[PDB]
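Engineer: Okay, here's what each chain looks like letter by letter:
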Amino acid sequence: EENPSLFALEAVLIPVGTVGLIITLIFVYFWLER
Amino acid sequence: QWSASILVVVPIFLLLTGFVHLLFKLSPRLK
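Chains A and B are the protein sequences, given in the same order. Heads up, the final residue of the first sequence is numbered 286 in the entry's author numbering, and it's a clean run with no missing numbers. Heads up, the final residue of the second sequence is numbered 298 in the entry's author numbering, and it's a clean run with no missing numbers.
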């Protein structure tokens, strides 16, 4: 077993993806504003 | 049995829904 296989599980990629989406939405709102 | 994905995704999903409501409030026919 090379490298941490568990670090490629479902719970790690899903949250970071969602966090990115949220940050994108707030950034979009800021850009549109003014 | 509890799952890390379920417990993490529930609060994150709440935050996402809040954001969708935030945009919807200032966007009627804009998508």
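Careful, some of the hints might be misleading.
[Said to hold, decoys possible] Pulled a few chain A residues facing chain B out of the computed Cβ check, cut under 8 Å: (1) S257; (2) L258; (3) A260; (4) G272; (5) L273; (6) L277; (7) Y281.
Think of the hints as simulated: they come from the structure by calculation, not from any bench. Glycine included, each C-beta is placed from N, C-alpha and C at the ideal position.
Engineer: Run every hint past the structure and note whether it holds.
Structural biologist: Structure-based check of each hint:
The closest approach between the C-beta of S257/A and any C-beta of chain B is roughly 16 Å, which is over the 8 Å cut-off, so the hint fails. Here the hint on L258/A is broken, as its CB sits about 11 Å from the closest CB of chain B, past 8 Å. With a cut of 8 Å, the hint placing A260/A at the interface with chain B is violated, because the nearest CB-to-CB distance is about 14 Å. For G272/A, the interface hint is violated, the least distance from its beta-carbon to any beta-carbon of chain B being 11 Å, above 8 Å.
For the restraint placing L273/A at the interface with chain B, the shortest Cβ-Cβ distance is roughly 7 Å, inside the 8 Å limit, so the hint holds. The interface hint given for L277/A is met, as the beta carbon of that residue sits about 5 Å from the closest beta carbon of chain B, less than 8 Å. Annotation: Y281/A was flagged as interfacial toward chain B, and the flag holds, the nearest CB pair being 7 Å apart, inside 8 Å.
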